[PDB]
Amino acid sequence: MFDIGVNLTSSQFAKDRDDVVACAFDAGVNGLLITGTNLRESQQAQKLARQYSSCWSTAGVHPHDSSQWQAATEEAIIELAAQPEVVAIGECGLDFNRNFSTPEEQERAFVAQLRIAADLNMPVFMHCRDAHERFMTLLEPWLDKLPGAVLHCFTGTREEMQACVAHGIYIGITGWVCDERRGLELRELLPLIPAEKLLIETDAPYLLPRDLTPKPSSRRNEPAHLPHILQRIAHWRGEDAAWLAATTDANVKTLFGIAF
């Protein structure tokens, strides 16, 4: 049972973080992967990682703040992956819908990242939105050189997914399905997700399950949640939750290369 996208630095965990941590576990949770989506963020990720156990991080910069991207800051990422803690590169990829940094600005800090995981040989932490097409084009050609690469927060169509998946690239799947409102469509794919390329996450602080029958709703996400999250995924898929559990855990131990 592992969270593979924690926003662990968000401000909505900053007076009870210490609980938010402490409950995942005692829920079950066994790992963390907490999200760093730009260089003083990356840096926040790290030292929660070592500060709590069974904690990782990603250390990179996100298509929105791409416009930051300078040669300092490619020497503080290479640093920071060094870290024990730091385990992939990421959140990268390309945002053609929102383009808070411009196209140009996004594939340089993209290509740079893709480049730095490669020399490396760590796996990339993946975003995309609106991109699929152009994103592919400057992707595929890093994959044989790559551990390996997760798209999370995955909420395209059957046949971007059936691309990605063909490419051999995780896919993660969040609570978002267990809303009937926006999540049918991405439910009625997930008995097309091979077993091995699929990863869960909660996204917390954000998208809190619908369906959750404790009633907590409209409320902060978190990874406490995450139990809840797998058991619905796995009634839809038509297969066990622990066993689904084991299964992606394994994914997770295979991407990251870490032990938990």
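Positions refer to the first chain, counted from 1. Rigid core: the largest C-alpha set superposing within 1.5 Å between the two forms. What changes on going to the form deposited in another entry:
Core-aligned CA deviation for residue 216 between the two forms: 2 Å or greater.
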The other form holds:
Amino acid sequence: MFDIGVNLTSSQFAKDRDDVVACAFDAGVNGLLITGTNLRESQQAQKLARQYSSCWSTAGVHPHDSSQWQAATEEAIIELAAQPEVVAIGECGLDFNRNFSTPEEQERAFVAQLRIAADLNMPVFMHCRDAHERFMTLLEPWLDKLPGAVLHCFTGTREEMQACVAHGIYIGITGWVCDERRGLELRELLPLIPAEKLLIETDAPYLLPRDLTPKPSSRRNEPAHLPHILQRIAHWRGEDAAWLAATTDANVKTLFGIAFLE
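Next, report the structure of the form deposited in another entry; the form deposited in one PDB entry has already been given.
Next up is only this chain, free of partner chains and other molecules.
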């Protein structure tokens, strides 16, 4: 198995990062992709990915941080992207929340990063929150000249999922599926996701699985909880966990062009 969504740069891991990674590995997670959400965090992520075996990172600017996009940002992204730890441009995309960055600022930063990924022939690590129509409209002239893309932390409808996978987009499922109140629609479309488009993630330290037992007092999520998520997803899909683990691992290698041990 493989966690495509780990905010390992988070302050929540500052004291025990070596152990968090090692615990993830001891629990059978074969590799991590560390999220970059702005320029400095992307820089930290790449530094951390050097520190551990089977760790990679993304380089980019989250739509929340899109207001900081500048003329020098592109070159900085490319400088990072040139490094072998960096395997995707992102996290980038749209969130209909405009309080931290305007839709104008979001669209501009998003298109800019799609352009970089096309120039570098790299896949994109994407994010879409209540913005499917605008999102696909901007993606359209770029996605086909990209090696691939993932919609990480997918929270859309069944039709929206089907619209995305038609264009090759991988669907990233977190522990939110395990939320009884809030993850129902997600859980119900789950078996309809094509196996070869399915990717798995914790989004640690966030989205601690509600059906996880036992839970920490800190309520901090960690990649070591990935096997729980995979097992729940496999069950709801009516599949063997070992099989889906192999499938999703292949999806990661197909998408990011990386190699890691099974």
